[PDB]
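One chain follows as structure tokens, the form deposited without the named molecule.
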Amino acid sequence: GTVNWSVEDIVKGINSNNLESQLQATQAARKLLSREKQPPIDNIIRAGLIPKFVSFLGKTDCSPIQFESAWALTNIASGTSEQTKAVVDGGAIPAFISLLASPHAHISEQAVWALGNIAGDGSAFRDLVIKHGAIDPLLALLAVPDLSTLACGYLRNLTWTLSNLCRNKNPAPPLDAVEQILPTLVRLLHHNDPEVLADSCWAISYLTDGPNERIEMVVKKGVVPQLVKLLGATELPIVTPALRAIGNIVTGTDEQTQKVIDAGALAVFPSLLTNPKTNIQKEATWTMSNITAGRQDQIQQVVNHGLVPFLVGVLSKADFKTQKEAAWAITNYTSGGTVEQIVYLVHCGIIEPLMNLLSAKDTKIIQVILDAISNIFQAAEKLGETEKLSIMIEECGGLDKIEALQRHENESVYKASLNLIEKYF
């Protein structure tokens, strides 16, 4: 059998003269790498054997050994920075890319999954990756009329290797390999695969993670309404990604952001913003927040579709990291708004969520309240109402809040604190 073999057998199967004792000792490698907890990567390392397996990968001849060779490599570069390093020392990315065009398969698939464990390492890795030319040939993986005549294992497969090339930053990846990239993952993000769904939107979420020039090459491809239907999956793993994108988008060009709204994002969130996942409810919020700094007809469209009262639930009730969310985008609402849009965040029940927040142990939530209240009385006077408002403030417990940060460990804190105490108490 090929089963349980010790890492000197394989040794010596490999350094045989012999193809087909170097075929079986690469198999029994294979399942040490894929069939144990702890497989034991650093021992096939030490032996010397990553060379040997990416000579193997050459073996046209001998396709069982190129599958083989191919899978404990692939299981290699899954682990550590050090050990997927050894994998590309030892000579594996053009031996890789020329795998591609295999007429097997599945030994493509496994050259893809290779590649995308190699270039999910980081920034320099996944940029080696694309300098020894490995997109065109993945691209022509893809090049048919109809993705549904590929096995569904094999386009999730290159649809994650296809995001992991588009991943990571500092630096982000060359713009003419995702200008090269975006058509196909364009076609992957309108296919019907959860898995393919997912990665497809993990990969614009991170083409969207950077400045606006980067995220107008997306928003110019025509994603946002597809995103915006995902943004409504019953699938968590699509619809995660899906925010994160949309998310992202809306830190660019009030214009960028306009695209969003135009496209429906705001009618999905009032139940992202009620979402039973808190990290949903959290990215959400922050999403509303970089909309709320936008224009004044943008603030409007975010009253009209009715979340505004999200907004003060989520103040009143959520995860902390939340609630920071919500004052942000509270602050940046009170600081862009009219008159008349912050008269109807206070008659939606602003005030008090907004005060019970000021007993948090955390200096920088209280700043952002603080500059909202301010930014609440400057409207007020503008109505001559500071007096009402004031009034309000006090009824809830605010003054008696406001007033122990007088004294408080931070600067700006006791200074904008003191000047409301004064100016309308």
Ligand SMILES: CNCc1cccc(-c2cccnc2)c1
Second form
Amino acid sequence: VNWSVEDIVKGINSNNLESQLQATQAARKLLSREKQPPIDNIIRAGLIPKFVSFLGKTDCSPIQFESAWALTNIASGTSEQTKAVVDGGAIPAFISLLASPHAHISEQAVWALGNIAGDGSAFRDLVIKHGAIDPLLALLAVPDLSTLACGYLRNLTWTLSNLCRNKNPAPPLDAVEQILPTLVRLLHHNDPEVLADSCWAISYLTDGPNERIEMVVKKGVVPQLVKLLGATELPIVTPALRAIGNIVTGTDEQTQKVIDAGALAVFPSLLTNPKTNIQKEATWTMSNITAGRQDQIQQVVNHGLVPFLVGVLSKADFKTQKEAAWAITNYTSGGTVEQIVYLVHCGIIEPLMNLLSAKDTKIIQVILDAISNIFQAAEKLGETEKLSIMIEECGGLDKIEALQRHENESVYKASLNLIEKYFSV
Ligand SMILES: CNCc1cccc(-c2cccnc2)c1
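Which structure goes with the form solved in complex with the named molecule, now that we have seen the form deposited without the named molecule?
What follows is the whole complex; the chain from before opens it.
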């Protein structure tokens, strides 16, 4: 404990496997240090090539383990540092070690690959090209997952989620297809961490174009996502909500699967969740669902979710309120006249008008857009007057006319539009 770099270098350069082993172990402990671990000094000393060569000493499993751990400590730092480990030839060496008869050594290799793949798209794809996926999946090829050591199972799930991570580009379609069945199995495993990381992996794969959303949804995971959406553990709910949120940016049939799985019955509690980001992401998800078909809007109505949207619009973090505004504009643009009537009876007008005094230019356009849609529904019933009166009684015109002095063009036109058509002669 507490060796200098000079001494580690000296032991590692000796012609003595045991001396090298003690020095490597000393290096790992130094790199394990919590405050200010001298990763850059270790790299500057030229130790990484030597650590990588110790990975192949199949005759001396303890120096395999120490250098794996030392190297993983470097690889779990910055991108330059991870680059240094990769530049040392570590990826093939680590993939070879997945096959090691020592679980401790196999596990380090899993964690190493996880940190390398997790650093970015190019390294993720490099790990895949070196053929990491097959021996990783082979480590989970048992009849029942419960028979694997918990920490072992957690490390493998974490590493697979990293192979699913990042965009531009997203992972190769072939690799996603190869990984997905094991992922679906992990998503049914009873361990909070395995579930959380499985959820993350799904949320990564669903974060893109509808074809990738489809690859996931064809595998029947949506009912399991909805169940996880109801969990007590925030670290499961958070990625499950993200995945559900991604899926409803897809086609109407993809969205409908989310509704069919019973997802909307969880949203009264999500739209009032004490954690700001859950509530934000729930309202975003709602805005994509109110942008769907009229029968899908009708299910939002039937689950009693409209009062909850009115509530979030009335009081919430501003970014959440911005999402609720979108949910409303999407609802009003695609909704039937009866569905828009119902929205106004729930009390949408007053908190809609109040958000017109926000100095965020975009929410103003969104709200004015929704007001226009509601008037068009009112035009079909001849309640245009009652609507104008109602808007005027909560202070709507004060906010709408003051928006004519607004130094943004798109706002002013649509602002003046309204004052003219529904508040004149
Ligand atoms: C014309 N499409 C409108 C639409 C559909 C679906 C979602 C959103 C959205 C835009 C910005 C923030 N949140 C949600 C907007």
